[PDB]
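**Q** Single-letter residue listing:
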Amino acid sequence: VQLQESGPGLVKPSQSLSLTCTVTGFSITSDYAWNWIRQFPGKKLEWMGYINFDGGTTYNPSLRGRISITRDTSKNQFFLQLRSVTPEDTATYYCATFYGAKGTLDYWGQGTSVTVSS
Amino acid sequence: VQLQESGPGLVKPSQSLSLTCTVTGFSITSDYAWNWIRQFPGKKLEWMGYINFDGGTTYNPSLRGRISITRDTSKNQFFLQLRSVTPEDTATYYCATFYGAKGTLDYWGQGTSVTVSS
Amino acid sequence: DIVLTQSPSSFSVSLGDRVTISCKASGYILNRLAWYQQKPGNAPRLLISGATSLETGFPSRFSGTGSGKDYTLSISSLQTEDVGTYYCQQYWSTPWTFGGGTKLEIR
Amino acid sequence: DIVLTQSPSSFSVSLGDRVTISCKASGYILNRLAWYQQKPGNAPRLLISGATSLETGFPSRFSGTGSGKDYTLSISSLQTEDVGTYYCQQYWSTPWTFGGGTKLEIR
Amino acid sequence: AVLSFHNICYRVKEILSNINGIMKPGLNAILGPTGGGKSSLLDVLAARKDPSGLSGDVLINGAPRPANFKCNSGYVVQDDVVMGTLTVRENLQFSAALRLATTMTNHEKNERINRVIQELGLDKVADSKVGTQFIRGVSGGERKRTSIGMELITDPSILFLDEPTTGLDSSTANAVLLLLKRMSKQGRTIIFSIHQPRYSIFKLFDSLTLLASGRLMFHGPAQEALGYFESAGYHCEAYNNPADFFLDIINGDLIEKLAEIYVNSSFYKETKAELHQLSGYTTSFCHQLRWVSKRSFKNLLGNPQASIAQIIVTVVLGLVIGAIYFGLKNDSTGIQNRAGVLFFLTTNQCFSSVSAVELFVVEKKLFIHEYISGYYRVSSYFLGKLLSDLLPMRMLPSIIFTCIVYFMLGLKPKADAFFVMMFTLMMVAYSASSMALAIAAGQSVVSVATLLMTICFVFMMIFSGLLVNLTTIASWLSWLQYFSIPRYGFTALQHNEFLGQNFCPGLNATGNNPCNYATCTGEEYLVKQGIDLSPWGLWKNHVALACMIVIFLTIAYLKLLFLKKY
Amino acid sequence: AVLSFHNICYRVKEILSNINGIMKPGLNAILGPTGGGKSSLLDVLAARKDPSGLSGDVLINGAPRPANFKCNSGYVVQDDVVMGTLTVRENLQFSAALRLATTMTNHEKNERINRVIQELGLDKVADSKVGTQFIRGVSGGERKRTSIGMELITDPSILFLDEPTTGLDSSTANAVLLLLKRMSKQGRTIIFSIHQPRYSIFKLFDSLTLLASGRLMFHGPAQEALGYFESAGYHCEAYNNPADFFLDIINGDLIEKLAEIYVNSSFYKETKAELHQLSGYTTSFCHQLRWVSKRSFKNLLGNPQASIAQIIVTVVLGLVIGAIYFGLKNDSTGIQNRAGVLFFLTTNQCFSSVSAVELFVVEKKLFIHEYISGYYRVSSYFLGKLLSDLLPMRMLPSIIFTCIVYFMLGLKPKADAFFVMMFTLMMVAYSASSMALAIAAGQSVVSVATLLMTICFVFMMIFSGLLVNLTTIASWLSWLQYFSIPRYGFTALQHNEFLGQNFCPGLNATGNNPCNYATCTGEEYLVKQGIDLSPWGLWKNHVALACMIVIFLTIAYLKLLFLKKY
Ligand SMILES: COc1ccc2c3c([nH]c2c1)[C@H](CC(C)C)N1C(=O)[C@H](CCC(=O)OC(C)(C)C)NC(=O)[C@@H]1C3
Ligand SMILES: COc1ccc2c3c([nH]c2c1)[C@H](CC(C)C)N1C(=O)[C@H](CCC(=O)OC(C)(C)C)NC(=O)[C@@H]1C3
Ligand SMILES: *[C@@H]1O[C@H](CO)[C@@H](O[C@@H]2O[C@H](CO)[C@@H](O)[C@H](O)[C@H]2NC(C)=O)[C@H](O)[C@H]1NC(C)=O
Ligand SMILES: *[C@@H]1O[C@H](CO)[C@@H](O[C@@H]2O[C@H](CO)[C@@H](O)[C@H](O)[C@H]2NC(C)=O)[C@H](O)[C@H]1NC(C)=O
Ligand SMILES: CC(C)CCC[C@@H](C)[C@H]1CC[C@H]2[C@@H]3CC=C4C[C@@H](O)CC[C@]4(C)[C@H]3CC[C@]12C
Ligand SMILES: CC(C)CCC[C@@H](C)[C@H]1CC[C@H]2[C@@H]3CC=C4C[C@@H](O)CC[C@]4(C)[C@H]3CC[C@]12C
Ligand SMILES: CC(C)CCC[C@@H](C)[C@H]1CC[C@H]2[C@@H]3CC=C4C[C@@H](O)CC[C@]4(C)[C@H]3CC[C@]12C
Ligand SMILES: CC(C)CCC[C@@H](C)[C@H]1CC[C@H]2[C@@H]3CC=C4C[C@@H](O)CC[C@]4(C)[C@H]3CC[C@]12C
Ligand SMILES: CC(C)CCC[C@@H](C)[C@H]1CC[C@H]2[C@@H]3CC=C4C[C@@H](O)CC[C@]4(C)[C@H]3CC[C@]12C
Ligand SMILES: CC(C)CCC[C@@H](C)[C@H]1CC[C@H]2[C@@H]3CC=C4C[C@@H](O)CC[C@]4(C)[C@H]3CC[C@]12C
Ligand SMILES: CC(C)CCC[C@@H](C)[C@H]1CC[C@H]2[C@@H]3CC=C4C[C@@H](O)CC[C@]4(C)[C@H]3CC[C@]12C
Ligand SMILES: CC(C)CCC[C@@H](C)[C@H]1CC[C@H]2[C@@H]3CC=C4C[C@@H](O)CC[C@]4(C)[C@H]3CC[C@]12C
Ligand SMILES: CC(C)CCC[C@@H](C)[C@H]1CC[C@H]2[C@@H]3CC=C4C[C@@H](O)CC[C@]4(C)[C@H]3CC[C@]12C
Ligand SMILES: CC(C)CCC[C@@H](C)[C@H]1CC[C@H]2[C@@H]3CC=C4C[C@@H](O)CC[C@]4(C)[C@H]3CC[C@]12C
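Protein chains in written order, with PDB author numbering: chain D, 2 to 119; chain F, 2 to 119; chain E, 1 to 107; chain C, 1 to 107; chain B, 35 to 46, 61 to 301, 328 to 354, 369 to 654; chain A, 35 to 46, 61 to 301, 328 to 354, 369 to 654.
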């Protein structure tokens, strides 16, 4: 219901990327699904994956084995880990909410920019 | 959304019973299902049947072949015909609405009493 | 079919008291349980749907709790506008069935 | 997967005018279509769900109409707060896909 | 007619080493143990073996054997190849229609048949059924005479018989051989292979050819073999059959020993001198097809058990299905029941179309015998047998099933839907039957073909669209779904049935979806299964079946055309 | 030993009219046409026919035949009943373990077997397999000697043989009969029925009994029948077999004519005078069960083809299923795929358990022969054959299927669920196999049993809970669902799998249902199918299977106990 991203804004190639989304106003283990989306320069939206309220996860096939989504219910967070990074996946990352009964991404974060350079 | 019953308040045994429910505020061919319910003296509720928005109908098995529900979309009405009446089915009859996505009888009529005597 | 049974066919309480009503089903219902309130001279009025959800237009004094075949309606700190007859209905199987009804009184 | 295509990658209109945006899908979607509005410097904001329903918080100037593989968003009598980028999304199959986006301008 | 064979050596390994002899009008027998060339020399003389392995020369009245030989020469098989369901007259009519010339009149053919029946002595059984499992028929002693008549129709000059008495009883065999002798006295050359005869038979032979292990132990008049073996260093005691005496010698009471003895015998010299003295389609395609079809349909009607049984089973099963699924509802359970009943119908058609394995397998030997003899081509036989058995007995069950269940269940009440369902069932049945024919054409055992058919149909059912969603399968495997007949049939039935249906009472899902996970319309169900909603998405399936049919019915033909007839 | 039969008249209609004679130590043959009592008199003398229809008296050394007769008398069948998969030594060991007394030592049994093998002349093949389809074995001439040894193990005084030479070749038959004569010279009474012998055989007989159409045309020494028929008004020409001569007389080159002639003959008077001169379990249950089990398991291992093939098919099918259904998802398509795979597993177990029809059908004749001879009881044979063949080859496929597919698919990752699935598959397999045994026990043809099994399983599948919802069926028919093995298995698997599952991503249906028509939990699916959510609702199914097993395995036993052994 109130999401906030955080994490490094600069990454070396082919090492890793780790972002954290903190949720306030709701418990991530109760109802919804929690997604990660990215927007490239030259605006183009891409859905990466989500983790469900019961711990199950689903990922975009275009990201074969590079992505993992985890959670920590003790402080209501979920984390995105994108490994073996390349300068093409330099983009703006958002965390979003998915109700399911309605089907749409209702709540979004403020978005954090990630630059892959050297 | 606004239902009103009407029909004879007194019937001879084993002849017929015909009631009419007029709907205002909504079109009976659009969304919902339209049910008939009856309440016996010595309060006991019994669901008789319904007609759906597409003309399909469903009836309570305890009323084997005695009941038919019809409709007239020209003036937004649906009719209940209960044949071969007996003095046991003397009761108060209501017409009610059923949404389906919610599952409950939301809107009810004012109810009309029917006495089967001789 | 599925027969719904309400054990307390009648009750007796006083204002400010807490009262509980029970509905027991002969089959699994999966929270497809509704509670209707009826006053003398009026049609039944929907009070609870889904066995937990409360309908808009009623105070936050009625609550619904149950699972499987046992469900209960709790009225805490009842008032005089709460006296009447209460019915449990199941909308799981097509021949929808009501309970026998429980009438509340005032001491 | 299902690829969504928006033909008018850019538009050009003036205030009070009527504008129409189109989304074409490579597969049947069954009204599982949503429209998002994005301003520069902000995250996308849900505007339409179900291809017809309008979200609370937006005027009754946006409308959605479509069936099968063709869907359209109509903005009648557009204002200056309506300029931005518009995306169509399908939530039928698990790899949810967005459209390329259509940017509105002002003449 | 005089058939002379010189320096015959057939190799497959060799079976005949070196054989010489002549056979003149009369009774000529070929005796010996089973291993020897008793039955191989008969095929070689009869041109029923591959000339590739043949070495020596076979001659008739000084001229080699023409390509018109097998048509002018009769060959009687050991076991019966008569249609047990027809009558003694009908078999001869069928033989005469295809073995005789079309220039003749039906009156002439009937006169020939009457003469043949009179000569054989089948007047009192000419209109009785030869006999099958279900049908009571004539004794085994007159089936053989019917088979002999089927070859005498053309009135040949040379008649070959493979073990005419094996299987028969003693009193039957004696009468059969007396009949053969009476025929031979008319001026026919009869050449037969016997298995350990009795003296009442041996006393009738006019020439004897004794073979053992591919070697000629004796050739000459049958009445002098006793003297030959007596003078060769052996003695026969009284009350011992000479035919048993010869085989006792052969067994040992060595092969090259007897071979050399005969090669040094006088009879060998006489045979070599005589041999060095001398040397030194019928009808139209339509006629063949018509007669094959007529015979096949007569056999189909005259075996009411295995054809009526299928109809009875179809009706019973349809009534049971209509009782179980009576009154389909437009509620939460309508989708499940509709899909289930359509799936069952389709898979039942596919699995009931396994009986087609019996079509070309039961009558393989008859087909080979009649093709070698010049009755008909492969094309005409194939098309006629398809037109008589497969078509009507696969078209009817679908009609019955549809007409019974469609209205009991309460499916889409339109005429076009009804007929589309009928046609789809028909096509799936035909395609499965064609696949069975392709798999089982040319074989001779039903078991392996049936097992392979069952396995293939099981995998096809897996890939039909009910047990597994076809949109969830991995890319490196999904393509297999295009090799499934049930998939096409089931998809067509679903498309025809589910289109304009609602399944959530009280809810108008057709307009909008309130909840995303409801599945309240047929379109949603179809799309969720991977089915196209356009009319093409229906008819596509049908063409995919038609091609299959063609392909399979081609393969079967090529498995009959390239089948070894020898 | 001297076996004397007086005024025998067996009626089923009558087959034997009136027969008298005696048989002393030596070679006694019973000749005649096939219709006559050639083979019936042999059974009557051997006590292998129902005494109900018997009239006359059979006597041994003046005393009637005791109930201990068939145990002390050997009977050799025409066709082979030797286990082609064992060795010549193993068959004799099995015969000796059950036909001899337990008081003896294994050393004594081995010495008896060695003596028998030496007498028969099977020393060089004593350790070679007799032979089956897949296994190459000994010639047909030594299988017969093995069969004779299996009866000589007990060293009887009377030996009955039904057509010992039919099927064999001439040189084999001569050696067999010379062996029989050598045995008879030791002091054994050999009584056999021959079919049209040769003179080399006829010269060995010591007594002859000629029967035709149930009438005694001659009885006396075999060497005087020629003189009898010569003096009776007939003549035999030279080089004619006397055995063929007799049947030629019988056929006609009348039955009462020859019967009366013999009744007025001198031999009849001598036989009547001689006949009026005179008249006027072995082992424990456990031992039998152990040996039956050992033999059955040796046969199972020694036929690796039809048992290894099932394992190979199971593994291949499991891998294919795990590849198609790899990675089950908790989404809209999870329910469909889970239900489909469980349904396929259950129905495949039921249909693959059709091979059990072969258990008691292939070895019916051997069972009857060994039961009459006093080898074992029905109970021990039945239990041993269940314990050796059915149990291990039905327990293994389930284990393989589960171990392969459970983790590829990604089902409920608990140990108890894994083992419950395994046990359920095992039980359904056993129940289907028991039903097959009950249907097919006592029969002799696999086809009808297989067809009936297939039909029953098809109807069971209809009533399993996927193709039709069991809560929608009419009351006057729903009860049939309680006669479905697949229903119980499928219900148990569903209950084990679906309980704590979610299938609507993003939605917490377990708490509340937002929309009424979603089906977002396993509990909803189960209840919608009519399944109980309590643990009883699982184990109930299992007991319903166990009872079935018991019942069926009882019926089969009663179909073997009341089976006609005569
Ligand atoms: C959905 O999964 C399945 C799996 C297997 C089968 C089979 C059939 N349906 C199936 C469905 C039908 C049988 C049913 C109608 C009961 N069937 C046949 O028709 C033929 C010949 C019928 C016949 O001749 O039987 C007479 C009584 C003699 C008339 N034989 C067979 O092996 C298949 C087996
Ligand atoms: C869900 O609907 C159905 C309908 C029909 C079937 C059948 C089977 N499963 C089914 C499922 C299995 C076959 C599968 C595993 C491929 N099957 C058998 O096992 C036996 C004997 C197997 C055998 O011996 O084959 C060797 C290669 C020689 C080892 N024969 C039969 O007729 C049934 C047919
Ligand atoms: C379901 O709702 C749709 C619209 O929500 C109904 O169809 C509309 O009907 C109105 C009045 O007849 C027309 O003006 C619209 O053009 C229709 N829209 C469409 C898309 O068809 C429909 O009638 C409802 N269902 C049924 C069974 O009537
Ligand atoms: C689904 O919702 C239920 C309740 O709506 C959750 O269970 C509740 O959890 C709270 C906090 O842990 C407890 O205080 C309640 O007693 C629970 N109620 C019940 C009925 O269990 C449940 O956790 C949610 N789903 C998941 C996967 O967590
Ligand atoms: C409604 C369904 C069952 C109709 C199927 C048509 C069947 C009955 C038709 C199709 C082709 C027909 C055959 C075509 C040619 C001939 C040759 C003729 O000299 C005798 C009849 C015979 C053998 C016909 C018998 C009837 C037949 C087999
Ligand atoms: C009597 C049996 C042998 C006939 C089986 C094949 C028939 C039923 C097939 C052949 C051609 C088919 C028709 C071809 C074209 C049309 C027109 C279309 O707008 C609806 C379907 C409809 C009406 C089809 C229904 C099925 C059909 C009539
Ligand atoms: C859905 C999939 C797995 C179903 C299985 C399809 C494959 C295995 C089936 C479909 C049709 C089958 C073919 C049908 C006809 C022939 C011609 C014959 O002369 C040899 C076998 C052969 C070549 C079959 C081999 C197996 C086959 C190709
Ligand atoms: C021996 C057999 C398997 C030969 C191959 C036959 C099968 C695999 C071939 C023969 C005809 C083919 C079909 C012909 C036409 C169409 C329509 C097209 O829009 C999709 C493919 C589809 C549906 C083809 C699928 C593959 C197909 C069914
Ligand atoms: C129209 C749909 C149902 C398919 C119809 C297929 C039938 C008509 C096709 C399939 C295979 C075809 C056969 C294939 C090959 C030959 C060989 C040729 O020298 C004569 C025709 C003949 C014998 C064909 C006749 C027509 C035939 C039997
Ligand atoms: C895991 C599964 C396959 C185990 C099944 C157990 C099988 C292998 C067991 C069950 C009963 C056992 C038999 C019990 C009794 C005997 C008699 C003995 O003198 C020889 C071994 C023999 C014949 C056993 C062989 C092995 C056997 C058949
Ligand atoms: C190895 C093969 C032959 C064994 C097959 C039968 C086994 C697996 C059966 C026999 C008894 C069964 C167990 C009986 C009781 C329990 C305890 C319960 O709280 C969970 C199920 C569980 C654990 C069962 C699982 C399946 C089980 C272990
Ligand atoms: C779901 C329903 C329709 C499945 C069909 C169940 C009925 C028809 C089946 C279930 C088990 C079957 C029985 C199994 C065993 C026997 C014993 C045998 O000596 C005669 C057949 C008989 C008596 C069978 C008759 C048919 C039978 C009773
Ligand atoms: C020849 C055969 C069919 C004999 C009859 C066997 C079948 C019909 C009988 C044998 C054992 C029986 C089961 C025994 C125990 C239970 C548990 C109970 O809570 C419901 C009935 C149920 C599930 C029975 C159903 C009917 C049943 C399966
Ligand atoms: C426990 C579950 C799996 C069922 C086990 C069934 C087995 C153990 C039962 C089923 C039928 C039973 C047989 C039925 C009848 C008899 C006849 C009796 O004079 C000896 C025992 C004997 C031969 C029984 C032995 C045990 C038996 C084979």
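Don't take every hint at face value.
Unchecked claim - Reference listing, derived: stretches of chain A covered by chain B, where coverage requires no fewer than 3 residues with Cβ under 8 Å from a Cβ of chain B:
id, region
1, 204-215
2, 228-242
3, 245-254
4, 513-525
5, 601-611
Please keep in mind that the hints were generated in silico from the structure rather than gathered at the bench.
Every residue, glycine too, gets a C-beta built ideally from N, C-alpha and C.
**Q** Just to make sure I understand the rule, a stretch counts as covered if three or more of its residues have a C-beta closer than 8 Å to a C-beta of the chain. Does the region 601-611 of chain A meet that for chain B?
**A** Since 6 is at least three, the answer is holds.
**Q** Please count how many residues of the region 228-242 of chain A have a CB within 8 Å of a CB from chain B and say whether that reaches 3.
**A** Three-residue rule not met by the region 228-242 of chain A, so violated; n is 0.
**Q** Check whether three or more residues of the region 513-525 of chain A sit with their beta carbon closer than 8 Å to a beta carbon of chain B.
**A** Coverage by chain B is violated for the region 513-525 of chain A (0 residues, Cβ < 8 Å).
**Q** If you look at each residue in the region 204-215 of chain A, do at least three have a Cβ nearer than 8 Å to any Cβ of chain B?
**A** Answer violated; 0 residues pass the 8 Å Cβ test.
**Q** Taking beta carbons only, do three or more residues of the region 245-254 of chain A come closer than 8 Å to chain B?
**A** holds (count 3)
The structure fails hints 1, 2 and 4 (numbered hints given earlier, in ascending order).
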